[PDB]
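The complex appears here without one of its protein chains, the remainder shown in place.
Which chain is which? They are A, B, C, D and E, in the order written, and residues in each are numbered from 1.
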Amino acid sequence: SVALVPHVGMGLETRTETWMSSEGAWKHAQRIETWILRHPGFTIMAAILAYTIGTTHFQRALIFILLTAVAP
Amino acid sequence: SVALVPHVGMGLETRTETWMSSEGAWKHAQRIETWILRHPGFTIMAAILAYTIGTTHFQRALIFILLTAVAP
Amino acid sequence: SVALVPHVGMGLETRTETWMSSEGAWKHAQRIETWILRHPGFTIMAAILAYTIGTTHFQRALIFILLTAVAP
Amino acid sequence: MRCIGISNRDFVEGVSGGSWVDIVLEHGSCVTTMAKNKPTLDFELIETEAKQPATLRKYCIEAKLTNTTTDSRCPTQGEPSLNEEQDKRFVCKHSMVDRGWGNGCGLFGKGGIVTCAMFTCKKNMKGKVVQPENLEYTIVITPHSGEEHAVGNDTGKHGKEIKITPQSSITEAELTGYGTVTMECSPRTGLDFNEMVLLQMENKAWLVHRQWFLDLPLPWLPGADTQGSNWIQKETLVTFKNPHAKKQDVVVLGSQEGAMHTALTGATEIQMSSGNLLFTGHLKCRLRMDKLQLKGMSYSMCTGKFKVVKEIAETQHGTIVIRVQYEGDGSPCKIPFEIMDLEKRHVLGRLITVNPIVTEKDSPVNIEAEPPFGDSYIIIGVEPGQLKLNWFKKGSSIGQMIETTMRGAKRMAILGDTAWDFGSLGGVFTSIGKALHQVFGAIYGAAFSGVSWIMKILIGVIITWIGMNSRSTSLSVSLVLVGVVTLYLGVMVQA
Amino acid sequence: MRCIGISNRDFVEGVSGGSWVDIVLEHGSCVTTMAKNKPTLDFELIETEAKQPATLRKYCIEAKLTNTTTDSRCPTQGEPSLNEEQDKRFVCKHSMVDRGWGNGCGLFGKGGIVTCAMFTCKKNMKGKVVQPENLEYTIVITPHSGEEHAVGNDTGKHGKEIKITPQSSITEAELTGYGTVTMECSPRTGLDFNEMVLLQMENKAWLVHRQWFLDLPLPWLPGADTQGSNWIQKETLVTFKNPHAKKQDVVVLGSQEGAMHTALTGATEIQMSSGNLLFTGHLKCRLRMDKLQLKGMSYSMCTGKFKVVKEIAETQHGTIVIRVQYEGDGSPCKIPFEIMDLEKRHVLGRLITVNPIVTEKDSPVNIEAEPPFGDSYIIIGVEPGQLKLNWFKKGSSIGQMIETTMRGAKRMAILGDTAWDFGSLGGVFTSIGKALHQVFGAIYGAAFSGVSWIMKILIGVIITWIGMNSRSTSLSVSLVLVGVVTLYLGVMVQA
Partner (left out) sequence: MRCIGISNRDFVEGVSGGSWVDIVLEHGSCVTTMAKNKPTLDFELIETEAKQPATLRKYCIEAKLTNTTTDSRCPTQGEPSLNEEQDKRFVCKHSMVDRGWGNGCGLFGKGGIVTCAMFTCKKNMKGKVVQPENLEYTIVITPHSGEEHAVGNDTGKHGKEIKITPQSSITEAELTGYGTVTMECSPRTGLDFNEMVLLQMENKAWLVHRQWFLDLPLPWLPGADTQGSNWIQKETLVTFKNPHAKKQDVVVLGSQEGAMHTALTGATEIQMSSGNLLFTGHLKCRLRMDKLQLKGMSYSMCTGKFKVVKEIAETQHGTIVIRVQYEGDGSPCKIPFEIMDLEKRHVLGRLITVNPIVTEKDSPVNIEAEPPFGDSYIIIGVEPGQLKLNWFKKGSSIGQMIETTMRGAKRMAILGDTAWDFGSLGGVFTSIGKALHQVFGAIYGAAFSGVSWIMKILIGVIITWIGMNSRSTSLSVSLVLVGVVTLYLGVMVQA
């Protein structure tokens, strides 16, 4: 809806603090761990799929973080 | 806000139509496509960084889609 | 409780004596040897576990002193 | 009756074992039951109702801050103290402002500050849980009598409405002319309450589940709370403004009525205005047809000159229906209805209005039957004055098993293991597939929860790509039941 | 003097040939300017006003639907149409339902249907726009005159207000004593309007990006408008409900206020209930200080007998402010202020309030200076009653260099190339380094746009990691300029 596209990387930032800062600066990192801690099966399955695709460990951890981040 | 965690995969679905399917079933991909059509530099940078990492032709495309999808 | 955090190494210390020194300087050692006298079995077990790991004779006495003192 | 014209009608052919068959019926769909005797019936679940709900958690949707007071503290000495911090109506924040000589201090530094405002809720939202007991389904049975102007009308009193509860039993339903039906129904297993919450906004209501409803970012309050002033999660509906380093202020974050309708994309809407009326879900019935008379047995066969008064109309699923009228004597009689081929050799097709009957009158009757997939004569009389009616049916040869196959796969996509409950206890070939389907649905259900339309397609492409590029014959197990099935369940999702 | 205790101060030392220094002053900060033999001044922008706005586009926050009409046809008979579909204040949808004989139709298929509902707004959100013309800035010019009630005192007549408008941006300030001062401000190359929209909800206002404003999914209407009868995208705030393939319906989606407050994250709040008073952004100023006298040169020295009326009171950024009273003779006179040490006395410590004078003997005078990073002694009187005071200062040795480096790196992380306009005409180094910062700013821009707190840190570690593994000494590039700079910026994002 309108609550998405949240006006973050638009430039226009000064040292005056913004509208909802230190409240929306960590909300994605809190809903992503609420979502992990209430859906463990997709995190495990994304660890198997992330461990399968990827030779080196860095791209395995990258595919794990990105696959865990695309799902809400 | 409350407008995220949008009650998508929970079970509980019947043959009866849910609250906003056909308006909340394509708007995510539409939001991503208009995001790319407004911000075309992160697509090129995600293509170069997705090409540099990923030493097969599949996980280059997988890392490209996932990096394109985590940035809103 | 506040029986812990005992204000020992806080700096701030001058030539005049503290609140209870020569009444709290040897209480820890007498306490951790009275605990040994009431509990020999952990001292034998920490001698064995201190003797298996610890290749050198300094790692053995160090791990024995540390494992003995870290159990109040 | 009541079911011709409704799409996704199911046909179940069986009375096997005793005289029972398991059926599973939803609110949108309908079920038609046939046998070698035991006349064809029609089943429609029309109503779920929860009787006495108990509220669980109330959420503040729109609020209002009143009586904003701030208190500042000069640096290096303590926190501010304001008397309204003691009351939990007031939302409070300690921030840290710049203070010097110019704003009434003695030292130059960064002193403390508090701001407080009384949080007043002014429009609510309440979710109510119910028990698996005291909820009453309403189901309509209607027989194929071929009554005049009874085809597909929801209005009108043609079928018996019976109401089933988990307090109920065998639940006899004496429907006249035909005998009785008993429906061994399992209402406790249908929609899985003690997991869902009957949410309620201003005039609408949804069917959301608990561990989505309990962890909402709105300020809430317990269900057993009169004088609803003590809101608990108030800091997610106000915001505090300390722009440069000067005074901080409070503002209400706004109204989440239209914001939470975005959160409900995936929830099925129910009707909590006058009673908790759920018009969604399914339930599993066991129909027992051991006491069904035929209503037309021991009537003498008819003797000629019928008359067509409504044209043959082809339904979806290819089952035509004709309304004819009888002229002649012996008015309680049967009807010589048969669909034969060209050359009139074999009797083809099947009747769905088993034992058609002229009910006592010069009033029309309705007959439903299915033709085969080519040309056919439809013959509605005896030889002096028959009615030969040509008919052609399109497709219906090899597309029928693929439509049946993918509606069975959609039936297994909407329902879970319960979709293995259209059969009459197949035993070693049905009752083991329900167990394999529920352990596969438990492994598949523990994964893939919380993901959407797009994500199941992406994971289906990934698992399919692992399967097409694997070894040791893990190709099959990695795509034929995991790779492709996830793609199909990703297309058929978001109903 | 208007500047003390604000925690963002940014001292400026020096001047370049012809006596002008190039500064950039912001709304949070207040710049202190120090020259060789010229009084030290204190500047702050305090008000940015947009004088006359023209509304660009009106969105609606909440609406309502009346006059619901519905029109259906037969299966094969085309598609419905009624005259509310051509009227552009009704919202409409074509769907498709089940038809049969029970609907009084025939042919047993799926027939089209339309639903129309009159759209009526009831809460608005007006996005106004201004041109870079008639955008008025207000800067106060407060000298370091040692004078009572002056240090952090942001009221009274301690400064002089000048007004930078882009058609005439020179407006020299004649202040009493100290001569005059001219400022060549460049307000067009600042915040870059014509691409920013002064958005306005009910009692709040934001300052949002223009292309961000023109692609919000919400029903809009042009700015120059009178009647609400042509809302363009009405489907973004209604929804159409077609369950069971029976009749469909339409409802309103709800009040979009708090969802928009979630959209307005990152936007800087302005206020436009009375005026259009912005309180964010910077302004580049060229400070020409040629006709700037000292107000107290060719006065004689004091005879002695000072007394302290307010103590030393160290500021953040490591300066001290003492307030002293004078008793003696010859009242227009110079304070013998020095910051010495003990025996074989060296001069260690710079004076900020340069040339402190006594005027109006029975009134205090507050002097500001800075000590070095240890013991230091303040000397005020001269032969009898020499007012020697101890003072100690913590840190300020090498940590002052890293605090200066973090002020320059934060100042370079907030401002763009304009951060290079903080010094007085470096010639080739400031111009070449600024030009390289415009190239690196234009390539770092049109990238990292729409990219948040987290994604810059992720995209910085996955370019630092591929920097450390690369060869041909590209490691000294992909770590330095794009690896850890984007990590640092990603920490400093969401200021």
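Simple rule for what comes next: a residue touches a chain if its C-beta (ideal position, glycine included) is under 8 Å from a C-beta of that chain, and two chains touch if they have at least 3 such contacts.
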From the listed residues D:13, D:79, D:290 or D:311, report the one that touches the chain absent from this view.
D:79
Among the options C:1, C:52 or C:55, the absent chain makes contact with C:1
Touching the absent chain in the whole complex: find that residue among D:223, D:416 or D:441.
D:223
Touch residues of chain D, complete complex, unshown partner:
54-57, 73, 76-81, 83, 85-89, 107, 129, 131, 194, 221-227, 229-230
Would you write out the residues of chain C that touch the absent chain, in ascending order?
1-21, 23-25, 28-29, 58, 62, 65
Considering the entire assembly, which residues of chain E contact the chain that has been omitted?
308, 311-312, 342-343, 375, 386-392
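Everything below uses one rule, namely that only the chains that are shown with their structure count from here on.
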Can you give the whole-Å distance between the Cα centres of chain C and chain D?
67
Cα centre of chain A to Cα centre of chain D, whole Å, reads 33
Among all residues of chain B, which ones touch two or more of the remaining chains?
1-6, 8, 16-17, 19-20, 23, 35, 39, 53, 58, 62, 67, 70, 72
Multi-chain touching residues of chain E, meaning two or more other chains, are 8, 27-28, 215, 217, 241, 243-244, 256, 258-262, 269, 279, 445, 448-452, 458, 462
